[PDB]
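Visitor: Residues per chain are reported as follows:
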Amino acid sequence: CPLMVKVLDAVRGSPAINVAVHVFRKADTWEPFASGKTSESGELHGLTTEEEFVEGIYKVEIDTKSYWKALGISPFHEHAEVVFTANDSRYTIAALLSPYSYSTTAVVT
Amino acid sequence: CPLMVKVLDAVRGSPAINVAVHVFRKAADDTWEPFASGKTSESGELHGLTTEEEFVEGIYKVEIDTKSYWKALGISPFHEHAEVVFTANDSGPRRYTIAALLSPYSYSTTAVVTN
Ligand SMILES: O=C(O)CCO/N=C/c1ccccc1C(F)(F)F
Ligand SMILES: O=C(O)CCO/N=C/c1ccccc1C(F)(F)F
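So the protein lines, in turn, are chains A and B. Note that our numbering numbers the first sequence so that position 24 is 40, with each residue one more than the last. Note that our numbering numbers the second sequence so that position 111 is 208, with each residue one more than the last.
Hints are computed from structural coordinates only; laboratory data are not their basis. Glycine included, C-beta positions come from ideal geometry on N, C-alpha and C. Wrong hints could be hidden among the right ones.
[Claimed, not checked] Part of the chain A face toward chain B, derived, beta carbon under 8 Å:
1. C17
2. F49
3. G88
4. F92
5. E94
6. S119
7. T120
8. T125
[What the hints assert, rightly or not] Straight line, CA to CA, 30 Å or less: simulated DSSO-like cross-link-like pairs of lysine-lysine:
9. B/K123 - A/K42
10. B/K158 - A/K22
11. B/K103 - A/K85
12. B/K164 - B/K103
13. B/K164 - B/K136
14. B/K103 - A/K81
15. A/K81 - A/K53
16. A/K22 - A/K53
17. B/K123 - A/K81
18. B/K136 - B/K123
19. A/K75 - B/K164
When you get a sec, could you build the whole thing from the sequences and use the hints?
Guide: Rendered as structure tokens:
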């Protein structure tokens, strides 16, 4: 599992459950690559395989807007967007969500 | 000044000076049109990107060029940039401050919206 995403809710103090996440790879346009929804643990595994996940620029779009929308909280952002170059020389993208703010970090091991 | 950007550096505890910032607005075909751009000053602030007349309702993307920043300091960062996408002025005109806090493998962004 070369790419995992983990999403937390800073208002509720909980994982962010059932959040839609779309990954794109840069082709100079954006092409769909993977997607899924976070689990009960706020996690998204099995997006891609080592074979598929080659060097390149990737964008992870976290559909935070629909997440806040579904609990009746007014959100600011359309989404959280995390753009990074993946290089061969294992990635967890973690995001921490609030209605008017978000934080993201990469754990690369 | 309806749209301001402030950028801080979490490694050095200082404003993030001379950081490029590009703002785009979503167009009538779901593409991103260039809207405004500039560079942060000594205080890590970017003022004068737009005017209230130009800053109409829409979906805007503020892209902070964190990669050239970190490279100009001699550091290899993770992200290509920091991005913030949001709808503005949807219920009338507002004043927006977009603040970002930068680390080589992380960033945070927050929005302060005034009437
Ligand atoms: O799976 C993992 O590596 C750990 C998940 O936890 N993520 C935490 C986290 C993520 C983004 C911004 C701020 C934080 C925090 F520091 F505030 F908590
Ligand atoms: O100019 C403004 O509106 C506020 C400027 O300061 N920004 C602070 C800030 C921004 C993003 C994440 C975390 C923080 C922080 F609180 F942790 F430091």
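Visitor: Now, for every hint given, state plainly whether the structure supports it.
Guide: A quick look at each hint next to the structure:
{"no.": "1", "hint": "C17", "verdict": "19 Å, violated"}
{"no.": "2", "hint": "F49", "verdict": "15 Å, violated"}
{"no.": "3", "hint": "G88", "verdict": "17 Å, violated"}
{"no.": "4", "hint": "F92", "verdict": "5 Å, holds"}
{"no.": "5", "hint": "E94", "verdict": "4 Å, holds"}
{"no.": "6", "hint": "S119", "verdict": "4 Å, holds"}
{"no.": "7", "hint": "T120", "verdict": "7 Å, holds"}
{"no.": "8", "hint": "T125", "verdict": "12 Å, violated"}
{"no.": "9", "hint": "B/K123 - A/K42", "verdict": "19 Å, holds"}
{"no.": "10", "hint": "B/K158 - A/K22", "verdict": "23 Å, holds"}
{"no.": "11", "hint": "B/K103 - A/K85", "verdict": "28 Å, holds"}
{"no.": "12", "hint": "B/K164 - B/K103", "verdict": "17 Å, holds"}
{"no.": "13", "hint": "B/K164 - B/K136", "verdict": "14 Å, holds"}
{"no.": "14", "hint": "B/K103 - A/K81", "verdict": "23 Å, holds"}
{"no.": "15", "hint": "A/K81 - A/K53", "verdict": "14 Å, holds"}
{"no.": "16", "hint": "A/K22 - A/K53", "verdict": "10 Å, holds"}
{"no.": "17", "hint": "B/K123 - A/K81", "verdict": "17 Å, holds"}
{"no.": "18", "hint": "B/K136 - B/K123", "verdict": "22 Å, holds"}
{"no.": "19", "hint": "A/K75 - B/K164", "verdict": "15 Å, holds"}
Checked against the numbered hints given earlier, the structure breaks hints 1, 2, 3 and 8 and satisfies all the rest.
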